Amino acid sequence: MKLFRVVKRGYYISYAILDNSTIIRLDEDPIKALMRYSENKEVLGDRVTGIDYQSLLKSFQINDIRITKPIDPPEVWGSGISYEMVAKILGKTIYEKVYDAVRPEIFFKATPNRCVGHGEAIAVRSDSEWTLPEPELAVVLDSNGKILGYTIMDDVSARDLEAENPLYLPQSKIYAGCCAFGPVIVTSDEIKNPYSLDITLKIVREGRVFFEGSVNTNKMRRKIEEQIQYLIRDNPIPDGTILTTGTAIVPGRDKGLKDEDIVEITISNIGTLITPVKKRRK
């Protein structure tokens, strides 16, 4: 099952694609719907025609329906340095110490209103000279830490403020439009092996491929279930929480984002998340 959501005259409607490319309109709340599928694979709703999923992906809007965030995630948490490869602890950089330590990095990324979806604008902080997208695999979680599905997430990071001091990390990570995900949430059975997926980042400036990069999830050192385990320890998370698993694609110092740019992120079996860039006014 692949689940997406549209906004129509100020209200939401959630749809799901079954393997045979038939579209079902959901009776239930999308998060609630994912928990059900996670148990017995039952889907409650009616089969619809006239919903052009393929056009929605390309054109975002058709008539009076517009695609958006597939769900409203109550909490979004991140996890950095999970692939194989200035502030320093006794000679070693903080990043490489965490790479080797038992305890992974876990941080609070976003609230639902700080997130955007397919075809909506991510933002660059008014006071950042160097902001990069971080293309990551992300998981949707229930309150016990059970994986309800997968999606593409863009962990938008004001890399310059982070470099200045690791104590500025929250300011670098949490802001309006700091996070984008979609275009769907694929159920768990739609991905046989999560550690064998291709993630591709493209930044597009005035029709020009300004950056192109790729990495496969088989290069992920720190496994997903360990990230989950450390996230939920003594820490209650609501149903529909998203944990974003980290990035391997890191553009250079010169590849910093700016106004009008287009960030396209592709992951096998999920699709391509396209977000325009809007630079904040001081």
Second form
Number of protein chains: 4
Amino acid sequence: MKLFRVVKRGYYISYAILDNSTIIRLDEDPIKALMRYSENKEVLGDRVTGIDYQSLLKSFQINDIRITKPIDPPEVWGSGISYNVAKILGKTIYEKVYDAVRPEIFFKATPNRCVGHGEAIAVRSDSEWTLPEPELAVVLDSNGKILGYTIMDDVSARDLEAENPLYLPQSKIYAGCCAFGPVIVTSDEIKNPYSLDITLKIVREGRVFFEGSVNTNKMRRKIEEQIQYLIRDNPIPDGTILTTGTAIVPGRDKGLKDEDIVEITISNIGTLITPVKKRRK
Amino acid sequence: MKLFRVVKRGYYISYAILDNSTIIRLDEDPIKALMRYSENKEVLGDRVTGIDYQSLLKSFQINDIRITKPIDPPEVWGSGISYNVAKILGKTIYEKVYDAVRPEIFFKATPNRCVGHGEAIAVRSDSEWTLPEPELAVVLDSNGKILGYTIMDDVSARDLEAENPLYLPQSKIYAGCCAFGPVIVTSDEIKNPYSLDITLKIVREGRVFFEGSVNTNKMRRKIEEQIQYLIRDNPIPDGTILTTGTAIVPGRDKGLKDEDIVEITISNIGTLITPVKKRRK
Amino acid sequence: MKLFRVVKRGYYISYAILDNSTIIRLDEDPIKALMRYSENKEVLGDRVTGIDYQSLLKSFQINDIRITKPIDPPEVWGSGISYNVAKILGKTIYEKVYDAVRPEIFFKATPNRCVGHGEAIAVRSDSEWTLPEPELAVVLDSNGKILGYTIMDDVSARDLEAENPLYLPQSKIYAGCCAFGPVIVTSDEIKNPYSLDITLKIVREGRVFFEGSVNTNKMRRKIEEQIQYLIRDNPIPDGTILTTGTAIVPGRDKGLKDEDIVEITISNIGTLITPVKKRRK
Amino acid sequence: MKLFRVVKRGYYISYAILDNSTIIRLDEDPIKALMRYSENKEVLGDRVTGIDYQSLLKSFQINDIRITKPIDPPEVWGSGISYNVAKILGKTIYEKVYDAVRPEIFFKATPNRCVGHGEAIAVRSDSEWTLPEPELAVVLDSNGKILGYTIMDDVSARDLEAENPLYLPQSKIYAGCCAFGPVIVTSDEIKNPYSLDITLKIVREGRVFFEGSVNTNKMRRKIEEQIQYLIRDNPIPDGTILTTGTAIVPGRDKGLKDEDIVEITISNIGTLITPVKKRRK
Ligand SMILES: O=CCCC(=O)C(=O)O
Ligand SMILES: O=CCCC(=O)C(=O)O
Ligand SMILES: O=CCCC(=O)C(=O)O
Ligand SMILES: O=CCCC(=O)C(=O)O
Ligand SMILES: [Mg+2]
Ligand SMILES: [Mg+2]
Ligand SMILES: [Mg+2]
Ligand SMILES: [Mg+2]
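Counterpart to the form solved without 2,5-dioxopentanoic acid (DO4), namely the form deposited with 2,5-dioxopentanoic acid (DO4) bound:
Following is the full complex, with the preceding chain placed first.
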């Protein structure tokens, strides 16, 4: 099942698409729905027609409905390094985390700092080099069970971070610092999570300013281990998103700018598209 | 005005004490109440008797009422360094932040990871050296206006941090990682914020295991500046707590242990007391 | 448009059927929906398939959905005589009301005393002669504007009434004293309200125990006048039902009994069917 | 305990006075509170000072608080005759009810048609002779257990009724047709319900236009019996008011008029005062 959500005259309506192109309008809250599905694959709702999922993907709105975040995730958390700066004993903090038993885990966002397909991501007013970070993300219940997968953009102000790692939070958490969607796919829609293509394109005035790709079979730090360290002594709410870290990193000249289009593709999920918007002083 | 809150048969009731020892039961939500006060000092409620604030402070419960967090703060954020590790060009990341224009700001907690007076703080199952960090904290509205002050304990797993700064989040954010109270005092209850005594005591089986004190006149990074960087491109909800960083740091042999009592005193606020509880595997 | 409602695992879902047999799942509350329609005929929802209105009519349930009252009407009111007992000066109270400027208006039910298609109506434990009263009913807004029409059964303990008119309330108001449905049709679905056939059948063990019919062109007291006296100094909530009085009255030997089936048909609306259930002592 | 309620800036606050003049602010909903009390006399709340019950009684408002209905009763029901018109076989319908096994019971009001101490009762635009009916009233739970007592004014358009008993509903049910308060007293505050004085005064421009009194020891139809017929096959919600019928009836020249003051006194309860307001066309 593939879950999405629209905003229609101030209210949400959630839908699920089945493999056979049939759309179900959801009865339940979508987080609640995902949970039921991971139990017995049962789905409460009515089959609808006249809902053009394919058009929504391309055009974002259609009459009085607009696509958006598939769920409001109570908490978003990130993983780091799963594929002239700070060093401990001539070893770089990043390569140290790469070896150590303990993976990097950071707080990414609250739901109101996230955005969805066809909404704008943001570049901090004071960031000189902000990069999108294309990542596989998992939707979790409170026991760290995987309720499904989605594309996330861990938008990061890389310049503020390289300046000092103690700025990582400021570099990671702010309005529009995070985008995800356009769907959440259920666990069975992905036979093997370590075998999917992730592809970033940046588009400047029609111009392909950056392109790059990589496969999840090149992920060192396994997802279960990331989940284990996330939840250790740390209770998470149902519907939490964990973003598993990126493997595609543009150069220092590829910083984002106002009006750019960021497009991210993951196999079996779809393509997340977000305009970029530079904030002001 | 000094605001506190109790839990009585599954429900909250908020009270305010006025300088003249008269207790008002609150009509409004306490965050909403704080906002009104910072506008015109008006307070909606009834004068109550038979509510023993002084006993509550000492004994935590009394009949069917128990003191707790004075508010549920939608977000808690921390400030760092306002008074053999990682270094950028032979300069330590901490001393670099100390000089730079940009202060350290980190995400501390969500409301359900916080606790109050007479409730237990926690030591991560996998932390070998967790220290309490006694700090002045401010309650904010969405424009970063100061609605009031309180004592906070930024409980931190210092060993996980010194191991690698990329572990700072894991070291800072977990169930019981944060305590505050026992009251929130309104802005006028503190004539000069840079002139107050902060005092930490740790108590092990009746034994004063650690004691230390310092005055806020020794704070380098001013509060307004911390607030400014917090809110920059980063929208905060009403009732957010910013904890302004600690100046009292026990040695490496002073790690917390199960059943310890942590007591923190700040002038004009009161004394926050929390048992400690080591988590398991 | 023709509105109905089902109960599915403890929750309601409202649907509307359009003349062309297409079913819309409702976005809004159905009372709210009716109001919008009487303004501009606009309907907020999604076209559904797999909802078998025609089967629901016949079989009441289907999988996990069951038909019921089309709305919860905040108030139900009745009209009387619009087509050896009590007399004022040798004139019978009923024939007096028939002549007078002022029509009879009585309080009929609250929503929890009403029932719908395929649910049981009730006969008071202490009633010896209870008759169903088949009537055209109107759904009203607070200004007494007609939002639509439906079939109502003003179930009445005629024996308690004929004994004394001061017992009329006891005779009219009790659990299961009132049934309506199976749809509410919008005002435009009925070109002329004074030109419709009403037909009562009572069914005892398969046996047609009573049958009778009449046309609304034989209604003396016009609906607008009934509405006018209802709302005079008497504010009604949105979604109130006014039942306009009956013209079909079985004899004294036709009292209802446990397990009877009451079936009522009105042109363009449909057929309301309710088992009967005698209460106990 | 004696329960009352005020309206303060758009919100309710309920209070209870104990015999010893101490006022408790209520924790619970007041209907819920009454129920608890009838179980074990336990009361959840805080003792308040600065709430001038005695002034509220006299002056209705005080600063930003105003007295009103003590509860919102989901349903109000009335009893009749418990102490040239319509006749069955030369016997008057009223004297027939007086003898019969079955008492009169009628639907009186919904909560939004009721008003309280110091609010205006209404006279129907089209009523020529409306009388107040001073009555003892009981607050009920769903099993018809008596949760307490209060004064009610069954305001009745006697002229519309005497014209035809089928107009009784129109005569009884309309905006402002019903007033009650100023308190609800708990069952133990009244040792013997059949031993209390009820006193009506009507006041026209300072002038005592009517006065009269009677004692409940002159009530024929006992309360339990009224309750029994009320609840028979007729489920009532918690907090229902049953008004037990009046024994004080002014003459045909004593019809109410705009600006009158109606004052009703019942022993151990208090004095209900309501201005009168004639409605228009
Ligand atoms: O700088 C630490 C964050 C690393 C990260 O976000 C990633 O690898 O995706
Ligand atoms: O390690 C960074 C946090 C510093 C801090 O919390 C403080 O100074 O209070
Ligand atoms: O007895 C009065 C009620 C009359 C009535 O309900 C009707 O005519 O439908
Ligand atoms: O006319 C019937 C109502 C009688 C009544 O309300 C009373 O006796 O109080
Ligand atoms: Mg990342
Ligand atoms: Mg700190
Ligand atoms: Mg009828
Ligand atoms: Mg009466």
